[PDB]
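Residues per chain are reported as follows:
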Amino acid sequence: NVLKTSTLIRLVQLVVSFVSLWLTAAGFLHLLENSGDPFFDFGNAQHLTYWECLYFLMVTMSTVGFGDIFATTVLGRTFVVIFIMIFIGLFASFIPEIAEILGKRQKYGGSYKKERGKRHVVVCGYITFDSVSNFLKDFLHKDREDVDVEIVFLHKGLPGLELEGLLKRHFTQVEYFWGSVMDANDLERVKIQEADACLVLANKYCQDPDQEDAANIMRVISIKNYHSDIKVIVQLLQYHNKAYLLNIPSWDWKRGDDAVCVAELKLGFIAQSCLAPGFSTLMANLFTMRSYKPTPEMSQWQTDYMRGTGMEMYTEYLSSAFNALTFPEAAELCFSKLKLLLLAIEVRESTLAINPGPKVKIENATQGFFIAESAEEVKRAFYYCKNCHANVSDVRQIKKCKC
Amino acid sequence: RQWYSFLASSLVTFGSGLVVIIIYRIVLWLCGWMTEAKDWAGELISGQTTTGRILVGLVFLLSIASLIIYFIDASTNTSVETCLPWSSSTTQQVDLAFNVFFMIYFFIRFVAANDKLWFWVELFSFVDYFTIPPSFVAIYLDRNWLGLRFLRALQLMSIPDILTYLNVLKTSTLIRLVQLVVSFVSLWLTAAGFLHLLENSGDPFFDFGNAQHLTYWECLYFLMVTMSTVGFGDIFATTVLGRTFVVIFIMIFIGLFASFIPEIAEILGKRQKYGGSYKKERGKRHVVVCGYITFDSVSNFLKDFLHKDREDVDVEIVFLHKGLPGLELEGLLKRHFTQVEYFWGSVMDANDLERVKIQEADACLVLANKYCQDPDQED
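Protein chains in written order, with full-length UniProt numbering: chain L, 214 to 561, 567 to 621; chain X, 14 to 44, 79 to 426.
Careful, some of the hints might be misleading.
Said to hold, decoys possible - Between beta-carbon pairs, the in silico distance windows are:
#1 L:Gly378 x X:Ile308: 22 to 28 Å
#2 X:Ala397 x L:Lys350: 18 to 24 Å
#3 X:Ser275 x L:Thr218: 34 to 40 Å
#4 X:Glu328 x L:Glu377: 51 to 57 Å
#5 X:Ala397 x L:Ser592: 47 to 53 Å
#6 L:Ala583 x X:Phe154: 48 to 54 Å
#7 L:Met526 x X:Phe154: 45 to 51 Å
Because the hints were derived from the structure by calculation, they are not lab data. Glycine included, every Cβ here is placed at the ideal spot set by N, Cα and C.
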């Protein structure tokens, strides 16, 4: 049972038959030439080694034919003519076979290998050049706040040319595997236990979204069943399909699993834009990486706009200097003293509150939500001291041992 | 027979480091300052550091320089071990300098090795075990075995990545091509050195008395004459080792090539038959056509627009459409080819509007399917 699949069987059959033909034919020619032949009363022999005859049949079977070891018995010559034809005939019958058993190989087989401290996240579902691009252009954006993780796709069937071009264009970061998250063996090839999350993607233009959402749910069931505590993020098409995720035993959004719903957000942005014109873009930029790269030939309005597109959301724990302030005071200090815009806070029992009323106090070690240039720019809110640093003018030194 | 002194140095280098790695692992099985250098070496090898990238480019260029020293040595003629005293001699010690540079680089990787086992049984580690140790034997013994020094040529396999770093090649087709062509010359150059060594040596069964004094250039030619299956029989081999290497070379070339026939067919087949741009011949005017371009829709227009008289005025007629014309339209196009041009493309793309010089065409005509199954969509 050393060989298993039909391809290896055939191969071994073909290769065995080939060496069997070659070894035997060499003995036959060796006999004739070392004998001479009866027409010349065995006087016309060539004293060839069997090794020369084995070599000579390779040199002729390959159609190279150096003409170093030519035959001279009439029986040798006539055997060589038959050998040429019967080899061409046998080989021509096997050309198709060879082409098939060569062609059956998967171009995207194998397993992912975990390079110790290098992290990665898995992607599966509706993987297509467009659906990949709009994700990948953010996930592999030219800055990420200086963090790198590998991105590993698995899908069944081939990527198609445009996606293969995109894959090759990023090949140090990205990997693709033939397979499906419906199979525990593929969840093992892709080391799901050692990936830190899995992202599941869907066809926004599916001709029946109930079926696409049913298919994407199935997966989350497969992934959660294989290893309970994995982080999962799933793209649903319709709103009401979210109900089914809450039924899965090891689904927990407080723990940190999540579902993004296309119909919920797509119309929700449009709706807020009816209440406040243009707001859709304020939102769409504030939650996606953009490159602030001002140049002198830009218009004045384009430069101010871009700097505005450079803004990002971050979150941080506030300094003890914020203890028992009211929210408007914390916001005034963040804006005026730190040059940070503070939107919202985590408050205990967990809940999120945006622009809280003056009736609240900011409690110790609450997490705040900031709009800023970079995560580094926000760290001042964690460090700032009402005794030690409130006197400081230039904010680029607020991190210190005094507290 | 001085040559055994050289190849022994390669063998003991490989075997002693192998045994040390085996001891390490089995001892740790049967029972931190490194970690900075580990990752720092990994960066320099990645070439995401500009230094690491530069040094990789230099490692590659210096590998090409090493082969020139080998071809000059092969240009010296005479037997496979032949020498004169090294004292201020010729140019020799430049490849000692290159060998220690490569051994230093080999230590870097050893540091970055991950699994020492698979690092020690690596193709380029074999290249290093063969070339590095005999270089010292040569200057020490005051003698020169030509040896396996041509193996360094496998570093030509760097070219696809170097041209990716410099971004000289872009599309997947050019990538592949360059990979295939590089692998082909790497195989050809190296195989020639291997055969050259055998035949100029003779072989042990005939106590090295049966040699052929082939140049490396003859061996490089001879492998082309056999790889092409032409086989003139002018430069036939005669060592048993040469003959048996030639038999293996024939089979392994046929096997490699047969695996790549499909690939070659695909990367050949992907070319657009109707690519390119229209070039404006100054005072010659033209008008653009696009939309439902089909043999019939073309014909009934074209038979008026290119009618045998027009009141004596001539302008070129330039179609663009996505996908191929089909045979009957291609026949009509060839039948008028001095007047008419066809381009793969669409007026939905500003780059195609530029290839077709829309700013310098004097009009554009847009054509539609009269028999569309839903005219609202066609309109």
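Hint-by-hint comparison with the structure:
1. L:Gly378 x X:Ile308: 22 to 28 Å: Once the Cβ atoms are compared, 23 Å apart, the range 22 to 28 Å for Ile308 (chain X) and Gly378 (chain L) holds.
2. X:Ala397 x L:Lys350: 18 to 24 Å: holds (21 Å)
3. X:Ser275 x L:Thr218: 34 to 40 Å: About 35 Å separates the Cβ atoms of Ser275 (chain X) and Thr218 (chain L), which means 34 to 40 Å holds.
4. X:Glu328 x L:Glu377: 51 to 57 Å: violated (39 Å)
5. X:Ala397 x L:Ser592: 47 to 53 Å: Since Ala397 (chain X) and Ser592 (chain L) have Cβ atoms about 35 Å apart, the given range 47 to 53 Å is violated.
6. L:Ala583 x X:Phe154: 48 to 54 Å: For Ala583 (chain L) and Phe154 (chain X) the Cβ distance comes to about 49 Å; the hint holds.
7. L:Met526 x X:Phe154: 45 to 51 Å: For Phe154 (chain X) against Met526 (chain L), whose Cβ atoms are near 46 Å apart, the range 45 to 51 Å holds.
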